[PDB]
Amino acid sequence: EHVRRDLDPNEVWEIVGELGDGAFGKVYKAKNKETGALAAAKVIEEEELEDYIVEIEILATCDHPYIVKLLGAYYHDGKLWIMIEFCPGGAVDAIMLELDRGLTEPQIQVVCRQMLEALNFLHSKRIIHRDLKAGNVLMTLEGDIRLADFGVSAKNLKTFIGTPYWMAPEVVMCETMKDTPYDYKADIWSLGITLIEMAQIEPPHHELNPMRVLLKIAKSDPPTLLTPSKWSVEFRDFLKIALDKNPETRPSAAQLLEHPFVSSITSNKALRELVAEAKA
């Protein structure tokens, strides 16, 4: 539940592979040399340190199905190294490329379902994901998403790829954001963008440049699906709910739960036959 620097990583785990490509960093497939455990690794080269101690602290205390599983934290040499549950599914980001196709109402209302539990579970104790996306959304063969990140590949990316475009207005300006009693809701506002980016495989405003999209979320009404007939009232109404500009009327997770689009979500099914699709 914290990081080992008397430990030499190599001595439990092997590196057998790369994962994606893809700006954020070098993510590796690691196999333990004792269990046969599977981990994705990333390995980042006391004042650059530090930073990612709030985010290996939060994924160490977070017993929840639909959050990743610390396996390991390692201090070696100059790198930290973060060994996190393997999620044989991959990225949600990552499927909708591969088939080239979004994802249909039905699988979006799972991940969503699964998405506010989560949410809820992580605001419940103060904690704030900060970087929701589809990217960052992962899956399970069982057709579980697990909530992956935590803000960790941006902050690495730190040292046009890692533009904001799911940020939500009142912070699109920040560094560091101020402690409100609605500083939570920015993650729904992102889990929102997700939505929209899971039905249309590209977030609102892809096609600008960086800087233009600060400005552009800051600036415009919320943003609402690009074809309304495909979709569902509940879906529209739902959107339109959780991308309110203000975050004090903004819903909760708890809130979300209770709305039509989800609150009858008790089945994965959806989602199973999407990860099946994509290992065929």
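Rigid core here is just the name for the largest C-alpha set that superposes within 1.5 Å across the two forms. Residue numbers count along the first chain shown, from 1. What changes on going to the form deposited in another entry:
The only C-alpha among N120, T140, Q200, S153 that moves by 2 Å or more between the two forms, given a superposition on the rigid core, is that of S153. Relative to the superposed core, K245 undergoes a Cα shift smaller than 2 Å between the two forms.
Put the two forms on the same core and the Cα of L97 is off by less than 2 Å between the two forms. Remark: with the core as the superposition reference, the CA shift of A23 between the two forms reaches 2 Å or more.
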Given for the second form:
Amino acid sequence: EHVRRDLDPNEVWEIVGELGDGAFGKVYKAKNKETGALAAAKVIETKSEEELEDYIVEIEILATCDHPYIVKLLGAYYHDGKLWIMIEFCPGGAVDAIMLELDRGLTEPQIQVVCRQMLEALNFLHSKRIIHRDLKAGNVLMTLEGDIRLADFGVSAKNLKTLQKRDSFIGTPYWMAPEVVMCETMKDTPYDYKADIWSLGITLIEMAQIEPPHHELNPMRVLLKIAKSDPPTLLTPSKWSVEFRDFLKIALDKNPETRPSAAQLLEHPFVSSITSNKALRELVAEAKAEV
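Switch over from the form deposited in one PDB entry to the form deposited in another entry, please.
We keep it simple here and write out only the one chain, dropping partners and molecules.
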């Protein structure tokens, strides 16, 4: 429905830079030759219809999300042997890249805005039973106006319509909920969506401390560490308000049944009074000043 095979995107889009590479193909920065609008271009070269299903589901996810805090689908093409997914480009970049550029973590007011907007985005997704499943600071993008966009629904799309949990990941899963580490069949429970709430909590600590919990270990031990350890905490509690520590205490619940939902966490005093993104605009403006 959203994929066009008649037109070649190379006549429509000019590749103007490379945003990331991996086994998944590449992500490009692209400028449309007519408008000049920018886009992230996820290009995957594959001819098998099984593999193409996974990526068309990602297009389907983006197409149904009209919420502003999710990256927008700008268009989609398949010809030659490559599928092009054109996605909203966020000039602010990812939060993890911003912390590296500034050589510091976010302030608590900045984390509160990110937390609040992430919670509204998750409440919107979960109401459609879309579970992101791969939250981390690298998948929280920023606009220059100081709002987030959740990105990279690749893991979400490969798990959306199938009943067999894809027990398969790349890299080190610092953000994985303990029931997912233990490979529990969460789809036969009410609590599959709770994995995102745990990942959100880890992402907050990552933004507080620049690196996620257990980043200092040999990466081979992280899964075991997540399964066996008490929930992570802010290691310098005097730096942070009791509301932040309390929010983390309830979100980083190892039991997915009692872990709160995104809607419940929107009632928490850490975010219940956050109405302005000003603190994130300042952060983006300060990051733009460094480069």
